Amino acid sequence: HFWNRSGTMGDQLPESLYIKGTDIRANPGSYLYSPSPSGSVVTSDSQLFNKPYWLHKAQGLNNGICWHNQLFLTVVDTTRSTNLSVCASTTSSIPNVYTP
Amino acid sequence: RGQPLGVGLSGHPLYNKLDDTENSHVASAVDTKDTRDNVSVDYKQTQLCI
Amino acid sequence: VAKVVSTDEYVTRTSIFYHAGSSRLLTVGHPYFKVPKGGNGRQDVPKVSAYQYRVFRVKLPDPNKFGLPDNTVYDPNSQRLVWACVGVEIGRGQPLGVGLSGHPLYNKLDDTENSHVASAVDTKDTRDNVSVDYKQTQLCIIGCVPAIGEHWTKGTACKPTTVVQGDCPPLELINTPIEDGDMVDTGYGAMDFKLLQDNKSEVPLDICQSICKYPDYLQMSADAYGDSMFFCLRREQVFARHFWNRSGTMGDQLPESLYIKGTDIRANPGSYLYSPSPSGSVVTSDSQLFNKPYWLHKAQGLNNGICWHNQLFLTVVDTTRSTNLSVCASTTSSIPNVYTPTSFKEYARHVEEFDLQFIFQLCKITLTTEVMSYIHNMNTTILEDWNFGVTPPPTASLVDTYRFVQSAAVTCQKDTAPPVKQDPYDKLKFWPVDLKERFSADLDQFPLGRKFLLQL
Amino acid sequence: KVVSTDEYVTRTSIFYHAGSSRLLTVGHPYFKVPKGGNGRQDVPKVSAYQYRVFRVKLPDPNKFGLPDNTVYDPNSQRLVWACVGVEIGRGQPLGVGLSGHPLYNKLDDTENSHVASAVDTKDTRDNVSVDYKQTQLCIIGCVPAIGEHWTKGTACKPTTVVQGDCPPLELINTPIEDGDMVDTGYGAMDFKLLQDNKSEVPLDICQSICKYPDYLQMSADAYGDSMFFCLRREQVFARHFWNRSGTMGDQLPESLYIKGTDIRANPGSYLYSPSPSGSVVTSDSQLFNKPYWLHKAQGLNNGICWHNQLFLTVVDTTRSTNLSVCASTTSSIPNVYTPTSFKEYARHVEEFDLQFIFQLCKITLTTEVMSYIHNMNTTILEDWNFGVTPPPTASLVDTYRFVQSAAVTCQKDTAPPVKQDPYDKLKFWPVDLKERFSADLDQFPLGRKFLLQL
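Protein chains in written order, with the authors' numbering: chain A, 259 to 358; chain B, 109 to 158; chain C, 18 to 473; chain D, 20 to 473.
Okay, chain A solo, but in the shape it has when bound:
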């Protein structure tokens, strides 16, 4: 989704750009245009892994050799993405009329 964010321009408007209008359009307004990004959709396909990696050959000159017996594994995943909500009643009793 698109908005423009309100703000105050620290960067400026050529007029030489639009025909003016009146007032609110004699000078117009903002140019702070801002969208929302969004992931898209999931399905089971799309997990990149749980698949064997046989190495055959590293892209780099070292072919994956464990100096200092120290290994560095990098990973990123959206798929699971979530947090859990605890609704704890503030009441020990649970009112049988709700109140937030």
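Simulated from the structure, these hints should not be mistaken for lab results. It is possible that some hints are incorrect.
Stated by the list, open to error - Simulated coverage check for chain C against chain A, where a stretch passes if three residues somewhere in it have a Cβ under 8 Å from a Cβ of chain A: (1) 115-124; (2) 143-154; (3) 214-226; (4) 266-273; (5) 361-369.
Said to hold, decoys possible - With a straight-line Cα cutoff of 30 Å, these simulated DSS-like cross-link-like pairs (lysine-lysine) come out: (6) C:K315 x C:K468; (7) A:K278 x C:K211; (8) C:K20 x C:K315; (9) C:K51 x A:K278; (10) D:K444 x D:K171; (11) A:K315 x C:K211; (12) C:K125 x C:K141; (13) C:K20 x D:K453; (14) C:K125 x B:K141; (15) D:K76 x C:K278; (16) C:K211 x D:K54; (17) C:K125 x C:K278; (18) C:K309 x D:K468; (19) C:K315 x D:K51; (20) D:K309 x D:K468; (21) C:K171 x D:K51; (22) C:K362 x B:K125.
Yeah, the Cβ is synthetic: ideal placement off N, Cα and C, and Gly gets one too.
Using the hints, position chains B, C and D against chain A.
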């Protein structure tokens, strides 16, 4: 990798929204400094490894 | 006959193989214009907003005259020397990214898509602030020479007479060489927008004062000897986001004959100018072309991939990265506790990063006569630039030269006069690319190279 | 039975390239507007919603370059073209655009159906803009082609005919011509039958009529002629639903539902109507710019321009814009915006680039075959060589002189034929290409490809 899959949001209460410059529907506004809108949001799907 | 010679029909191909590759290119500026700060060196914030055709004038060194000649491999004297790149992996910068462009005084009659209410006031200047994207697109063009785009204009009212203020001209289509930073057409105007709209009240501001082209691949495919562009790669997608009808005078009129009239506004139907809003669609990384070897073999070009004058014209498009960035900078050195935007000056810039990477084969070409001379007739110039019988040149000029400057008041002709052969594309802007050291044979040591070797 | 043609059509080594340098034609979306003359000056109507039909003039090879009569005995043989290879080069970038209608009736929606007028009685109508299906077509033939289409049928018993009344219904087959309005999926029907309203649905088609091409017929093609190649591909969805206004001449039964009260006692509209729509495009899915040399057209015809006549068919849903010129009415623009200040205009563009590869066949002519052939049509024979296939003559009949008549036998007119196909009453993008015949082919991209494909 464990778990099922799942997704979610992050938000912002004090958002500086100008306006929807999208369908800009119904219509557009003018000003205030109480520009501090409550907003929730998502972003890009990603899996990466090195 | 004109009959294309076709590289290979005399280019002695070799065992020569080379690497080249560009470490990072980087630049930032604003989504529209240059915000000048009075100039000159530099003191301006330019534009940076890559929806412009990207031309790297890509320079390599003279293989002819590398230096030393046991010439064991070859007699330049017969077999003059030339590059051909074979394999390329351009390493592409950044995450992927995206953004928005708009126009506050973007007209509109109405959102005639499926408006909730269909009100239609008849007052002017209701042109509001709307922003949008474009067709998701990746293209590259590779060539020995630059490229041509084509685009329109309000063409000549070549009718004898002249006519009415605001009357529709006839519209004439124009070919032009594409140049670095040339603005892309995006979905809307291989033409002169700026000309086209007397109003300046429409489209996204960025193109208001614009002209673009669309690349002339087809003519460029129709290339004289399969040169110019000898390689080209292209990928584009889109859909329509939302519908309007524009506001504006119909400069023509609707036939009645389309309807049973109604009453009033229905007796008299309103505008017929229906106008959508674009969008490129979702991105997955998957569809990014970039970052793989494009080994080339045969190609369309009947120059199979060579550059005299060491220039390859690397021409490119990517929609996967669009944003100029927002700084909310306080006007106050205080950070107030009640936030007002007003306590903030807010700023916009986009930034761009790059690597070209290569695997070449230099090839050597033995001078053949009713063919070399044909090449002269292809173009002599190179050939001059490989020269031969009698340069000719001129001693008195040659001696003279560099003397002056070590001062600026003493002698103050201060380089009024030049000396070039001249590249006409001097008048054109490139991203100036040279690589005369990215030169390597360390294929092994070259990402692409490794692949390449592997590619063997 | 008809036969595969090479059978009598002698194959060769002949290869040619020929290819169109540019096709271009431009004008206003929905209509043409006279701009005086009106030989010629006008605003043509141009929309890419016009059917692309090429009448292609091609070398009578029997008079052509490299006639080296290794080629034939010209007597016993005729020369005949086949183009063998085709690449339709498509102009412009891709694009699109929309249409609309102010007097687009609209009763309503169906979900934001939380209120209904429900009469209006007048006309409802609002301004509307619109989209339609993704579609890519090719059809190649040496004969122009026919589409299929609709008409309100007619009161076979003119009995009980009622004023602007529902009618019995007819399907019509007709030849398609160049520039002929394309069908997005409707106009194989008359509008000017359809809506007695003539103001309902989109303007653009409002006063139109189309047909849709029949492959089936054209695979009921007698020899593979107007179709020796055919390709069609469409994807589509419905964008939005509605109900249009309309005094239903149809009747909905009561029985079907409970009456409630009021509005919910009475019935409402059943004129469910929804949006057409294409969706997302990409070049990935592009049909054109593809090289056929074709191994075999499913036609018995091995793709021959009879009489050096070729018929090229195409459809492309990927550019759709006529462009809006904002020209100020003011000497120079003012500073405040007013629409007045600008006269705005709509114009469309189409370019095409054809590249081709031919192989001629030489024909040893043999009697029966010729005869055969003559039975295909004769104009054929008439092309070169002339035997009196017309005779007989007769089998014998009738008395006929009298025709000085007079009041003594008021007989027959009788009308003559004009020939000249019919095509001549009809339109193409006229295409002479006997100039583009290229004997090197490599200077044709496709030629190389083709060459390569060998």
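The hints, checked one at a time:
Residues of the stretch 115-124 of chain C lying with their CB closer than 8 Å to a CB of chain A number 8, which satisfies the three-residue condition for coverage. Coverage of the stretch 143-154 of chain C by chain A holds. Counting CB-CB distances below 8 Å, 4 residues qualify, and the rule asks for three or more. Counting residues of the stretch 214-226 of chain C whose CB lies closer than 8 Å to any CB of chain A gives 6, which reaches the minimum of 3, so the coverage claim holds. Remark: the stretch 266-273 of chain C is not confirmed as covered by chain A, as 0 of its residues place a Cβ nearer than 8 Å to a Cβ of that chain, below the required three.
As drawn, the stretch 361-369 of chain C meets chain A at 5 residues by the rule of a beta-carbon pair under 8 Å; at three or more, the given contact holds. For the hint pairing C:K315 with C:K468, the CA-to-CA distance comes to about 19 Å; that is within 30 Å, so the pair holds. Distance hint between A:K278 and C:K211 is fulfilled; the C-alpha atoms sit about 16 Å from each other, no more than 30 Å. With a CA separation close to 19 Å, the supplied pair C:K20 and C:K315 stays within the 30 Å bound.
Taken as a hint, the C:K51 and A:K278 pair is honoured in the structure, with Cα atoms around 21 Å apart against an allowance of 30 Å. With a C-alpha separation of about 26 Å, the suggested pairing of D:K444 with D:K171 holds against the 30 Å cut-off. Taken as a hint, the A:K315 and C:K211 pair is broken in the structure, with Cα atoms around 55 Å apart against an allowance of 30 Å. Taking the CA atoms of C:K125 and C:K141, the gap is near 10 Å; set against the 30 Å cutoff, the hint holds.
Between C:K20 and D:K453, the direct Cα distance comes to roughly 20 Å. Compliance with the 30 Å bound is thereby established for this hinted pair. Between C:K125 and B:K141, the direct Cα distance comes to roughly 29 Å. Compliance with the 30 Å bound is thereby established for this hinted pair. For the hint pairing D:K76 with C:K278, the CA-to-CA distance comes to about 47 Å; that exceeds 30 Å, so the pair is violated. Annotation: proposed proximity of C:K211 to D:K54 holds, straight-line Cα distance about 26 Å (limit 30 Å).
For the hint linking C:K125 to C:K278, the alpha-carbon distance of about 24 Å falls within 30 Å, and the restraint holds. For the hint pairing C:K309 with D:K468, the CA-to-CA distance comes to about 25 Å; that is within 30 Å, so the pair holds. For the hint linking C:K315 to D:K51, the alpha-carbon distance of about 48 Å lies beyond 30 Å, and the restraint is violated. Annotation: proposed proximity of D:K309 to D:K468 holds, straight-line Cα distance about 10 Å (limit 30 Å).
A distance of roughly 19 Å separates the Cα atoms of C:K171 and D:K51; the hinted pair therefore holds under the 30 Å criterion. Between C:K362 and B:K125 the CA atoms are separated by roughly 16 Å; this keeps the pair inside 30 Å, and the hint holds.
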